[PDB]
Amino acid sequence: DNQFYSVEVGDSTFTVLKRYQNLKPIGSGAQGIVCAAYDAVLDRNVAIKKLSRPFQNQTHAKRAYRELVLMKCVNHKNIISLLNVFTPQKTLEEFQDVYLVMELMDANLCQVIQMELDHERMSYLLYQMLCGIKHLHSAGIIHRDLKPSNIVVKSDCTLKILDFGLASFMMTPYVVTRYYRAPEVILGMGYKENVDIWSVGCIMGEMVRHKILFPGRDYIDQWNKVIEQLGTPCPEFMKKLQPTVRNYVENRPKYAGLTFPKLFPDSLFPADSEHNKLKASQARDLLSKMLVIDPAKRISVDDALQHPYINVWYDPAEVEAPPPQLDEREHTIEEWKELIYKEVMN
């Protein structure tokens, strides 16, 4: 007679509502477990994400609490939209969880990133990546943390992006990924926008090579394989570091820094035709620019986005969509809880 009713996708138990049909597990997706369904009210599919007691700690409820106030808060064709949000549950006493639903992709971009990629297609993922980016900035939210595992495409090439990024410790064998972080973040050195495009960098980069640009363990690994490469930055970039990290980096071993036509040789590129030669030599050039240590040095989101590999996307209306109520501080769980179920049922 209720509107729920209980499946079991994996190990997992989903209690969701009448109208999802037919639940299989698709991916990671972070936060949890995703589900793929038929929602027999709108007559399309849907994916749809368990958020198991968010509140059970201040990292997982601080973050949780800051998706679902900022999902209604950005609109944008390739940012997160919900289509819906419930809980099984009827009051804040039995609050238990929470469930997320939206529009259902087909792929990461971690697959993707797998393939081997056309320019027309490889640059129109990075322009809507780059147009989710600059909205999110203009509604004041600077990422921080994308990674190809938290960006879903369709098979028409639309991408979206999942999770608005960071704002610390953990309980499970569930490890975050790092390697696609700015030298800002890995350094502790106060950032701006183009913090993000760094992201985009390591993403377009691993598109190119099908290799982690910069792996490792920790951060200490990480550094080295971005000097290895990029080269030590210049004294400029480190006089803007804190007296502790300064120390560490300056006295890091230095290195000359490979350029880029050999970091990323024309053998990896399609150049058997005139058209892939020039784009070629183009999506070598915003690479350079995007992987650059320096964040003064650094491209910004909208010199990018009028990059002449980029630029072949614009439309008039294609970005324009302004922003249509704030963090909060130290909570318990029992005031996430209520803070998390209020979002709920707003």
Contents of the next structure:
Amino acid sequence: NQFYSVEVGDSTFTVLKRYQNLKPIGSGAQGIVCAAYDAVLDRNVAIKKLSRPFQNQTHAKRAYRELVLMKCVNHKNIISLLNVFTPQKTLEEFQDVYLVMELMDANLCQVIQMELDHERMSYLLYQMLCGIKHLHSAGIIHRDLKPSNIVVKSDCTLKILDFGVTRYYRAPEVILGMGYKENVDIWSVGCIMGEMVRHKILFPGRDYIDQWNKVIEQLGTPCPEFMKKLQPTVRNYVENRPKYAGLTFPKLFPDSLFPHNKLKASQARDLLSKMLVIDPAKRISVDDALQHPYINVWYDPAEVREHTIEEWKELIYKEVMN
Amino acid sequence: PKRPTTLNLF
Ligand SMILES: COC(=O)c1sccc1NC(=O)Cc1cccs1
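Moving on from the form deposited without its partner chain, kindly provide the form solved in complex with its partner chain as a structure.
Starting with the chain above, the whole complex follows.
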């Protein structure tokens, strides 16, 4: 028997024996993630048991899709998949898929609250943008970047966890339900950078109504060319709000909050004013953000269908052995 | 340019 079972909450992880001392570090939709020691690599890893991958076609095609993308979108700033396996030894039996990934040291939640120099601030942002660029290259728009989704190591390396609650980092066009593009994820980057500087969630609130208010309170009402673009119902709420001018970037992010230092401060603020843009058509792109003076200092080119359940099991199993 | 190699997560 190559496998053993460990009970984790109301879940059992049946894992290869090389994975030892399993302990929970995550609990969220998709499910329990356990940290573990990998005896063969002499390294800590994270093990995720996919949730009910053969519950239905929808779950199956999404499992298969998750597998293929993790197996071939590799990059220094996306958490790498180290192994995948099943404890079941036939298709008849096949139920569970286990993903083994890199384990870093922490979330951004920690780091956001600590005060960081421009070097670290902007190097972290550079890595974020690079990881996001590779995702998009692979055709993956994240839509839910946030600090708990982004992980860091003690040598200032940064990776993005995966690809889709805290709704504070989600872009206005999601909030408003208007459809979205790649630079949906630039807003989130703006929110995380803003919070790194101010040390407080930029746009809190109970719900999306409260959310929007904080956005307009601080950034000002978007213009009519944004509103026209809204579905009529959402356009009628959004046009009845107070017509705020916005607090302006120098006052949302004064020199005071920062640690060249004045024209590193003002570069940071300029980058923030180009990401924290309500209108996606007027918001900076990943390529442009990477090209910004604040981030560009680190630039290194080297870094920048219908099937039955049975039929899906066949395809997924092929991927597990790969 | 020399990128940082430390981050005090501790
Ligand atoms: C819950 O799932 C995860 O947090 C995953 S999944 C692959 C890595 C990590 N976490 C890390 O690398 C570092 C950490 C973040 C939070 C605790 S430790």
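Positions refer to the first chain, counted from 1. Between two forms, the rigid core is the largest collection of C-alphas that superpose within 1.5 Å.
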item	value
Single mover in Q58, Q282, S288, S300, with Cα shift of 2 Å or more between the two forms when the core is superposed	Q58
Core-aligned CA displacement of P88 at least 2 Å between the two forms	yes
Shift of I310 between the two forms at or above 2 Å (CA, core fit)	no
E193 C-alpha relocation of at least 2 Å between the two forms, rigid core basis	no
